[PDB]
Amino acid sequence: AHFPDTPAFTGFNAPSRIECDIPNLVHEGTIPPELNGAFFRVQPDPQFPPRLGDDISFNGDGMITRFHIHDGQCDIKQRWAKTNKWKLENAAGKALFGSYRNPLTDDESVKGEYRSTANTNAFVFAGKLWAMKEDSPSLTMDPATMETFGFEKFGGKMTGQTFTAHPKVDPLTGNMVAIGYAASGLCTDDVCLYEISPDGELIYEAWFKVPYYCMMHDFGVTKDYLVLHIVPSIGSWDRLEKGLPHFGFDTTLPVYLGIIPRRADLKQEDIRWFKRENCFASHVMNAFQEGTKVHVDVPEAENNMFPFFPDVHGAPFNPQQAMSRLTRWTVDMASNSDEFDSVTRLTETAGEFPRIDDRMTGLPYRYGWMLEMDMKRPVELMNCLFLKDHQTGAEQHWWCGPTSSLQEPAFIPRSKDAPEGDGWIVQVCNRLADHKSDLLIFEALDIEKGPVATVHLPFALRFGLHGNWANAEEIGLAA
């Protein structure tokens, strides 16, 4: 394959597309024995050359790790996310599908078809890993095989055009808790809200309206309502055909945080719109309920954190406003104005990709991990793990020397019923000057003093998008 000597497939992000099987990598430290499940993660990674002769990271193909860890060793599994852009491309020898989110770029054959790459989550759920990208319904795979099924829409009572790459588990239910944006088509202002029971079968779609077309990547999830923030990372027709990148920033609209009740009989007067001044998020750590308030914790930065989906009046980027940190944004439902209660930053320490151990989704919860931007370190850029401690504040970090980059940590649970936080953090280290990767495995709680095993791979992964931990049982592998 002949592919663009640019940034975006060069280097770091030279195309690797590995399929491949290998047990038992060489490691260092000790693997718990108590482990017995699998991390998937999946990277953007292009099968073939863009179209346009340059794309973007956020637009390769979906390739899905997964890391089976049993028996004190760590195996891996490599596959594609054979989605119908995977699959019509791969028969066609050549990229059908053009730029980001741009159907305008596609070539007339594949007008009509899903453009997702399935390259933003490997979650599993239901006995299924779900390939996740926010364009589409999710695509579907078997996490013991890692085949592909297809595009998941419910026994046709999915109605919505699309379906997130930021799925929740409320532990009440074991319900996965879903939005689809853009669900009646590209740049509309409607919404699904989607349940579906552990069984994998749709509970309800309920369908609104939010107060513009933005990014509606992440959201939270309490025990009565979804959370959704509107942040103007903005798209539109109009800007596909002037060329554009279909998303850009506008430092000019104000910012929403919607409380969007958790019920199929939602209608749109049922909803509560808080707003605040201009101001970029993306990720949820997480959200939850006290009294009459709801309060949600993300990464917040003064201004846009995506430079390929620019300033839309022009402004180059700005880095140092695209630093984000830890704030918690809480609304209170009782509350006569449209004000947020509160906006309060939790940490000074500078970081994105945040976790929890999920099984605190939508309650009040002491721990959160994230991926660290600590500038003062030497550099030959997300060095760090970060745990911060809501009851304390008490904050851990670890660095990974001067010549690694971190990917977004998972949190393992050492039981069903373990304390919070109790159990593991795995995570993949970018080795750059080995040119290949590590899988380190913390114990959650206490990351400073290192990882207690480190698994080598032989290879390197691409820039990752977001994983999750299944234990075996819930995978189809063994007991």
Second form
There are 2 protein chains.
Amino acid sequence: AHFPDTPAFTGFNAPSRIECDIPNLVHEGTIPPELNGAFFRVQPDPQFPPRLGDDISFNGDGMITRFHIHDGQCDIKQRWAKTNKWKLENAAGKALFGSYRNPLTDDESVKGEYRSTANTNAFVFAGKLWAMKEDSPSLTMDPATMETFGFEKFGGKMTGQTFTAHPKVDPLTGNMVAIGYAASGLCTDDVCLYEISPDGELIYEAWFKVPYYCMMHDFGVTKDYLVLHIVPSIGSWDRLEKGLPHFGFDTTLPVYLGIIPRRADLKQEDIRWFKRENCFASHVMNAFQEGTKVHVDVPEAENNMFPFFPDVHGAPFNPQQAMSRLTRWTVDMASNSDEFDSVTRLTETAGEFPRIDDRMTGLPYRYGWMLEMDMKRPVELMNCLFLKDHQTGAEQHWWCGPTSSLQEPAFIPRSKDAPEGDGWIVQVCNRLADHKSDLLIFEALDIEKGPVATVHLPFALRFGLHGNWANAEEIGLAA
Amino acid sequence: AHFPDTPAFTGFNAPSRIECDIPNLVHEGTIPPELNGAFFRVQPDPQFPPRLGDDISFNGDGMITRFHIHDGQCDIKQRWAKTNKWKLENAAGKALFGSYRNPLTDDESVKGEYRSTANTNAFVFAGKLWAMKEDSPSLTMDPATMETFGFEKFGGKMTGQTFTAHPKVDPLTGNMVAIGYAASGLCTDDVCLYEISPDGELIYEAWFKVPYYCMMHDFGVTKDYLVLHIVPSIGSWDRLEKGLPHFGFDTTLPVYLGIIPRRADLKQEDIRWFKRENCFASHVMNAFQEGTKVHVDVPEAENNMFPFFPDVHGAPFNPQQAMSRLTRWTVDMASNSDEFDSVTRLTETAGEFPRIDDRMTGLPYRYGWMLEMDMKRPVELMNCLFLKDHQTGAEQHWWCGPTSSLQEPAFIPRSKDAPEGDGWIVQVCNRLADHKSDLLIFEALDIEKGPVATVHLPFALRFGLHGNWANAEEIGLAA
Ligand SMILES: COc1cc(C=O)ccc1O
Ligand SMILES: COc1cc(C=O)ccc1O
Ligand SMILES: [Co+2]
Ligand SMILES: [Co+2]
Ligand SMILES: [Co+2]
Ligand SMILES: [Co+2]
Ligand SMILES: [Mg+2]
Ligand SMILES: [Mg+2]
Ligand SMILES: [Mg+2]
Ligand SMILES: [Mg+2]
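Having seen the form deposited without 4-hydroxy-3-methoxybenzaldehyde, please provide the structure of the form deposited with 4-hydroxy-3-methoxybenzaldehyde bound.
Every component of the complex follows; first up is the chain already shown.
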């Protein structure tokens, strides 16, 4: 393959496209014998050179990595998420779909097809592996064989066009809670709220509209509510016609937080929109209710965090204003005005990729993990694992050293009934000087002493998005 | 896996154990559209940590790499050679066989089993892939699927215990010509000569004895003769009982060159042994006849080339005396004495891994390729590809640069009837600074301008031994 000599395809961003199997990877330390399950994660990884001769990182085909941990050892299985895009281009031996979220650049032979790369999350639910991309229904796969099933449209009961890559699981019911924005077509202001039973059946789909079309990448879920931030990374057909990146950031637009009842009978009039001054937030650590208030914790930045989705008025990217810090947004459903109740920074540590013990989804919670960027460390990057204790305020930091960087952590509970945070953190470490990757295993509430096990991969993973642990019994692997 | 922190298992020698598939590898330059076939090579690569807690490179399990070149692109498929050793240890989840060529260190549960790692050659013949190790019958595999068949004992017609890893193909008949030393048991002085028909049937096996048991790793073949150098890298049960490496080098023993008729009715009395002063040679570029003389070209060194098979009188390893140079050994079957007719250095370039256009096996020939060690180059190693022209004396050199090293080249003929050397060279390049490997493609008689195509692998291969090209129609791949 002749790939472009551009930053998105060279160095750490060289295409990999490895499908492989390796049991019993070389490792150091002690892998807890308690661990019996697998960590799934996804990397964008282009099957083919881009039609245009350049592209962005968020547009690579989804490649799924599975780390099966059992019997004190770690195995790897890596396979493509075989989206319709993947299959069609594989059959043709060439790229057919074009630029990011831009159907005007597709070959005529794939007009109307799902454009999903399934490259944003590798999520386990209802016995399936979900390879997810927010512009289409989710792909599903067999978590044991990692063969691909296809797109999940829930027996035709789903009528929206799209499905999130940030599903939540409500610990009260076991339901998956999801959204799908641009639900009636590209750049539309329609959004669907979905709930899926533990057995994988669509319970309900509820339609509503948002103040403006924008990237609705993540969201919060509480017992009663969908908690949906409206942040002006906006797109339009006009932008696509002019050859601009689909999304650009508009610093002049307000930010909203919508509180949307989790009800099949939802009507537009039931929704409250709170309004604040322009800022940027993408991910949600957790949301929860307190009396008539709703709290949601997000990494907040002063300005755009996506340089490839540039300022719509032509401003150059500002890295300092892109530094995000975990911040609590609080709104009161009983308040008279549309103002937030408060906006409270929770740490001065800069970071992203927030995570919790997902058994606390929608509930008051004590622990949050993040990828931290400590700019005071030597670099010879997201260079630390960070743990915040909301009860005491205490913070822990683990630095990966001066030639490495880190990927998103994922929490592994010790048992169904264990206390919050009782378990382990796993995360990929980019050993940049060695052009390889490690999988790190930490004791989840004692990270400053470093990982208790380091699993070496004999090759490099690419930049990853989201990932999740599932116990073996949930994914068809051995007891 | 917990592997030792010793040189044989760290750095460039870290275990890899990657089984993978990647079509359409990232590449630069132009892959000749004429190419339609595959290059097979083997790396020792330990499935399990060694029982003793250390080991040598030559004892790693064989991992087979296939580079399928077609339609201007290059694909990789990599799979284990599933020897009985591999299967038994895989079933047990642990190492069962011990030190190199030392059955005294094996677990009692595998006494008497073939100890082969199939780690020295990946050879194509009679529609099969041969994964070869000189202490056992060859393993065979499907060259298209790279599944393993098992050990080849030719329907019981082979009674020797062992089969070489340096088979030759006689261009006159298409027969595979092979030896097997220690043919009646470890450290015995019996050797078998084998010829195999193009259809894979054993034609004959002929037994003889050698002046002393030693590592008979390679050999030459001419129309009339097996050409067998006797070089005193010797082994013994006594050495094994004392915990020494199987082989050690004895500088006080003579070197012999045996000329053995290629005849099923061979008797010991038919053999001529020529004798010379102590030296070291392992590999054979080619051998051929001229009148009543026999010529064989070998990389000759003054002393031992294997530091892990040390001097038997305790001398420290001497790297300068290990530097080998292509040298022609000439004997005359009509000579009265046992002296060589001549010993003639053919180049002052130091090198190993000699190769030819294998259509010239056993014939007078013009071209020879080698891996060269140019110690005058900056190193920031086997660092050059070398081509010798025996007709004009001319030499070509291509340097891989100051952070790389090279593996064995292999010649690809343009067509069955093309002139000698008309075709391409392929070889793996170790990009040590990048911790990855490339496959290089050269125009075989024009190497100084560098490769015409560079195929990037997104991971590192380990040190390799021998490899071979086969056209697609010989290995069940597409026309
Ligand atoms: C990996 O692809 C995407 C990632 C994100 C946020 O991290 C937003 C949109 C994408 O398409
Ligand atoms: C890769 O294993 C071997 C290699 C050699 C010579 O290169 C001799 C004996 C072996 O077992
Ligand atoms: Co219903
Ligand atoms: Co995300
Ligand atoms: Co016969
Ligand atoms: Co050899
Ligand atoms: Mg269904
Ligand atoms: Mg501002
Ligand atoms: Mg047979
Ligand atoms: Mg001498």
